[PDB]
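Student: Chain by chain, the residues:
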Amino acid sequence: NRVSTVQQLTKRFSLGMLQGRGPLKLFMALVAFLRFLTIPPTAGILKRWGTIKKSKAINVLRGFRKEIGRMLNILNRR
Amino acid sequence: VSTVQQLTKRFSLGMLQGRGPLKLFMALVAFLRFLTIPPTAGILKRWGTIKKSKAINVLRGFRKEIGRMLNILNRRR
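Residue numbers (the deposited numbering), protein chains in the order written: chain B, 21 to 98; chain A, 23 to 99.
What the hints contain is simulated information worked out from the structure, not anything from laboratory work. Ideal Cβ positions, reconstructed from N, Cα and C, are used throughout, including at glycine. Some clues are possibly wrong.
Claimed, not checked - Partner residues aside, some chain B positions facing chain A, computed with beta carbon under 7 Å: (1) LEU29; (2) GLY64; (3) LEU66; (4) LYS74; (5) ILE78.
Said to hold, decoys possible - Capping the alpha-carbon separation at 25 Å, the derived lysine to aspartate or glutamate pairs in DMTMM-like fashion look like this: (6) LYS67(B) - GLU87(A); (7) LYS76(A) - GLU87(A); (8) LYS76(B) - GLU87(A); (9) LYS76(A) - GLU87(B); (10) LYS45(B) - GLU87(B); (11) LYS86(A) - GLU87(B); (12) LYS45(A) - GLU87(B); (13) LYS73(A) - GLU87(B); (14) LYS31(B) - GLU87(A); (15) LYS67(A) - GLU87(B); (16) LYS31(A) - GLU87(A); (17) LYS74(B) - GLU87(B); (18) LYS76(B) - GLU87(B); (19) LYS45(B) - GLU87(A); (20) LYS73(B) - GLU87(B); (21) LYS73(A) - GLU87(A); (22) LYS74(B) - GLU87(A); (23) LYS73(B) - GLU87(A); (24) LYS74(A) - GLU87(A); (25) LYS74(A) - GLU87(B); (26) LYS45(A) - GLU87(A).
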């Protein structure tokens, strides 16, 4: 329903989140992205991985698994 | 040998415009959907085009990968 411009997306992504900065849900998504593509993380990203609150991080990861399931349903029904 | 070199190479490919390998494309679409960030027109156009059977296989590996990450958290003290 909504679209982004390429320029709009690149403004939002910053060098800071290569160092693992950012909100938890954003950080979790970036970690998952690298893992999908088997891309090693940076030390800064890696250091935040141990920092995160496990309870809050687990719930965010479950939401991703749910969203992957929604995408699978979409692709199956086609 | 690098996170940043690998990431910039994919950006140069045009991955934000929808270009690149299917696995790279699916990972980016999944990434945006996780954060509910509106995709680009080029990404959105390919979302309909993609070969569904191969795409579903890629998504199944993502689900297995998300489960592995959940195992890592429980493994930590």
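Student: Holds or violated: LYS67(B) and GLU87(A), Cα atoms, limit 25 Å.
Tutor: 20 Å, holds
Student: Going straight from one Cα to the other, do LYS73(B) and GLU87(B) come out at no more than 25 Å?
Tutor: With a Cα-Cα distance of about 21 Å, the restraint between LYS73(B) and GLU87(B) holds, given a limit of 25 Å.
Student: Take a quick look at whether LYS76(A) and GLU87(A) sit within 25 Å of each other, Cα to Cα.
Tutor: 17 Å, holds
Student: Are the Cα positions of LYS76(B) and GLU87(B) separated by 25 Å at most?
Tutor: With a Cα-Cα distance of about 17 Å, the restraint between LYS76(B) and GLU87(B) holds, given a limit of 25 Å.
Student: Using 7 Å as the Cβ threshold, decide whether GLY64(B) counts as touching chain A.
Tutor: Since chain A brings no Cβ nearer than about 10 Å to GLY64(B), farther than 7 Å, the hint is violated.
Student: Is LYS74(B) close enough to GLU87(A), meaning Cα to Cα at most 25 Å?
Tutor: Holds, at about 17 Å.
Student: Please verify whether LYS74(A) and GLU87(A) have alpha carbons no more than 25 Å apart.
Tutor: 20 Å, holds
Student: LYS76(A) and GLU87(B): Cα distance at most 25 Å?
Tutor: Holds - the C-alpha atoms of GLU87(B) and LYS76(A) are around 18 Å apart, at most 25 Å.
Student: Tell me if the straight-line CA distance from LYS45(B) to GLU87(B) falls inside 25 Å.
Tutor: Distance of about 13 Å is within 25 Å: holds.
Student: Hint check: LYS73(A) vs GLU87(B), CA-CA at most 25 Å. Holds or violated?
Tutor: 19 Å, holds
Student: Mind checking the alpha carbons of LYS73(B) and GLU87(A) for me, to see if they're no more than 25 Å apart?
Tutor: Given that 25 Å is the threshold and the Cα spacing comes to 20 Å, the pair holds.
Student: Do the alpha carbons of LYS45(A) and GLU87(B) lie within 25 Å of each other, as the hint requires?
Tutor: 17 Å, holds
When each numbered hint is compared with the structure, violations occur for hints 2, 3, 14.
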